[PDB]
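Peer 1: Residues per chain, in single letters:
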Amino acid sequence: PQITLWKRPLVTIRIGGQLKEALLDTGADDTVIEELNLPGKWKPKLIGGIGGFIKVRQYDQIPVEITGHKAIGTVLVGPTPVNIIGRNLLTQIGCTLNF
Amino acid sequence: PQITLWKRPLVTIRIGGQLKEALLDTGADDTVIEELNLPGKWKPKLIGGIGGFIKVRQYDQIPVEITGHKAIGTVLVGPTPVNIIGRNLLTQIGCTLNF
Amino acid sequence: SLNXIX
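Residue numbers (the deposited numbering), protein chains in the order written: chain B, 1 to 99; chain A, 1 to 99; chain C, 1 to 6.
Bear in mind the hints are in silico, worked out from the structure with no lab data behind them.
The reader is advised that the hints may include incorrect statements.
Claimed, not checked - Below, simulated DSS-like cross-link-like pairs (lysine-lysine); rule was C-alpha separation at most 25 Å, straight line:
{"hint": "1", "chain 1": "A", "residue 1": "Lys7", "chain 2": "B", "residue 2": "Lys55"}
{"hint": "2", "chain 1": "B", "residue 1": "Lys7", "chain 2": "A", "residue 2": "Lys45"}
{"hint": "3", "chain 1": "A", "residue 1": "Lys55", "chain 2": "B", "residue 2": "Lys55"}
{"hint": "4", "chain 1": "B", "residue 1": "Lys7", "chain 2": "A", "residue 2": "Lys70"}
{"hint": "5", "chain 1": "A", "residue 1": "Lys43", "chain 2": "A", "residue 2": "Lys7"}
Stated by the list, open to error - Here are the computed distance ranges between Cβ atoms for each label pair:
{"hint": "6", "chain 1": "B", "residue 1": "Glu34", "chain 2": "A", "residue 2": "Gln18", "range": "50 to 58 Å"}
{"hint": "7", "chain 1": "B", "residue 1": "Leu19", "chain 2": "A", "residue 2": "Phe99", "range": "13 to 21 Å"}
{"hint": "8", "chain 1": "B", "residue 1": "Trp42", "chain 2": "A", "residue 2": "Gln61", "range": "41 to 49 Å"}
{"hint": "9", "chain 1": "B", "residue 1": "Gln18", "chain 2": "A", "residue 2": "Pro39", "range": "27 to 35 Å"}
{"hint": "10", "chain 1": "B", "residue 1": "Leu38", "chain 2": "A", "residue 2": "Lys41", "range": "46 to 54 Å"}
{"hint": "11", "chain 1": "A", "residue 1": "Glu21", "chain 2": "B", "residue 2": "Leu46", "range": "19 to 27 Å"}
{"hint": "12", "chain 1": "B", "residue 1": "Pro39", "chain 2": "A", "residue 2": "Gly94", "range": "22 to 30 Å"}
{"hint": "13", "chain 1": "A", "residue 1": "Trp6", "chain 2": "B", "residue 2": "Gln61", "range": "15 to 23 Å"}
{"hint": "14", "chain 1": "B", "residue 1": "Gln18", "chain 2": "A", "residue 2": "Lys55", "range": "32 to 40 Å"}
{"hint": "15", "chain 1": "B", "residue 1": "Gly52", "chain 2": "A", "residue 2": "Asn37", "range": "19 to 27 Å"}
{"hint": "16", "chain 1": "B", "residue 1": "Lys55", "chain 2": "A", "residue 2": "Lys43", "range": "32 to 40 Å"}
To be verified - Here's a subset of chain A near chain B, in silico, CB distances under 8 Å, partners left out:
{"hint": "17", "residue": "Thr4"}
{"hint": "18", "residue": "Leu5"}
{"hint": "19", "residue": "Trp6"}
{"hint": "20", "residue": "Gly40"}
{"hint": "21", "residue": "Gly73"}
{"hint": "22", "residue": "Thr80"}
{"hint": "23", "residue": "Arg87"}
{"hint": "24", "residue": "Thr96"}
The C-beta atom is built at its ideal place from N, Cα and C for all residues, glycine as well.
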C-alpha cells in the first residue's frame, strides 16, 4: 500500500498476539513499543531522541505483523505516547520513501 | 527518488542559503534543525519526542529545498540530535511511504 | 508536536 503523510502514519500491528496502533517511522533506527507485560528474556538498553534518552527493555526475535506483512526482530519496550515501527522492521516489509 | 531504509534516510537540503544534511522523518510532525539563525521572526515553542520535551525557535514560511524539491513552511530550530524533515514539509514535496 | 530514535 501507499501511505500519505497528511496525518501521522499510524497503522495496525500485531505483537504478542495483540493488535495495536503504531507509527511507521523512517526517522527511527529501532522499534519502540509500550508493551510492558511480554514474556521472554530482555536486556536493558538506552535509546535517544529529541528530548534525550530513556531506558528500555530489549526483546529479540519478536514477531511483529505490520498491515498484514510479517516481520521478526528486535523490539524495545519503554514508556512512549506513540508506538514506533523503526527501520529494523520497515526494511523487512520492503518499505520505501518515494517523492 | 525512491529511498530504502537499510541506512538512515539522510539527504542534503538547502536552507537560508546554506547546505545541510537532514533525515526524512515520517515519525515527525515538524521539521527540526540544529541551532542556527534563519531570517525573520521567530517565537518560542516546545516540542516532544522520546526523552521528553525541548525548547525550540519557531520560524514560519521558510523556504527549504529537499533533495531538489521545494517546500516553504515552518522550521523549528533547537537542540535536536539530528536534523529532521518532518511531515509538514514531506507533504509539500509529495512524499509517501510504500510497501 | 511529537517528533520521533537513535
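Peer 1: Does each hint hold? Answer for all of them.
Peer 2: Evaluated hints:
| no. | hint | verdict |
| --- | --- | --- |
| 1 | A:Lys7 / B:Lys55 | holds (24 Å) |
| 2 | B:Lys7 / A:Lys45 | holds (21 Å) |
| 3 | A:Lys55 / B:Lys55 | holds (22 Å) |
| 4 | B:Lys7 / A:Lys70 | holds (20 Å) |
| 5 | A:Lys43 / A:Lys7 | violated (34 Å) |
| 6 | B:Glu34 / A:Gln18: 50 to 58 Å | violated (38 Å) |
| 7 | B:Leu19 / A:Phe99: 13 to 21 Å | holds (18 Å) |
| 8 | B:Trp42 / A:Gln61: 41 to 49 Å | holds (46 Å) |
| 9 | B:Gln18 / A:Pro39: 27 to 35 Å | violated (49 Å) |
| 10 | B:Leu38 / A:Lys41: 46 to 54 Å | holds (48 Å) |
| 11 | A:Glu21 / B:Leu46: 19 to 27 Å | holds (24 Å) |
| 12 | B:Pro39 / A:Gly94: 22 to 30 Å | violated (43 Å) |
| 13 | A:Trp6 / B:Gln61: 15 to 23 Å | holds (19 Å) |
| 14 | B:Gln18 / A:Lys55: 32 to 40 Å | holds (37 Å) |
| 15 | B:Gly52 / A:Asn37: 19 to 27 Å | holds (25 Å) |
| 16 | B:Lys55 / A:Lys43: 32 to 40 Å | holds (34 Å) |
| 17 | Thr4 | holds (5 Å) |
| 18 | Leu5 | holds (4 Å) |
| 19 | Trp6 | holds (6 Å) |
| 20 | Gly40 | violated (24 Å) |
| 21 | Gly73 | violated (13 Å) |
| 22 | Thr80 | holds (6 Å) |
| 23 | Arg87 | holds (4 Å) |
| 24 | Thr96 | holds (5 Å) |
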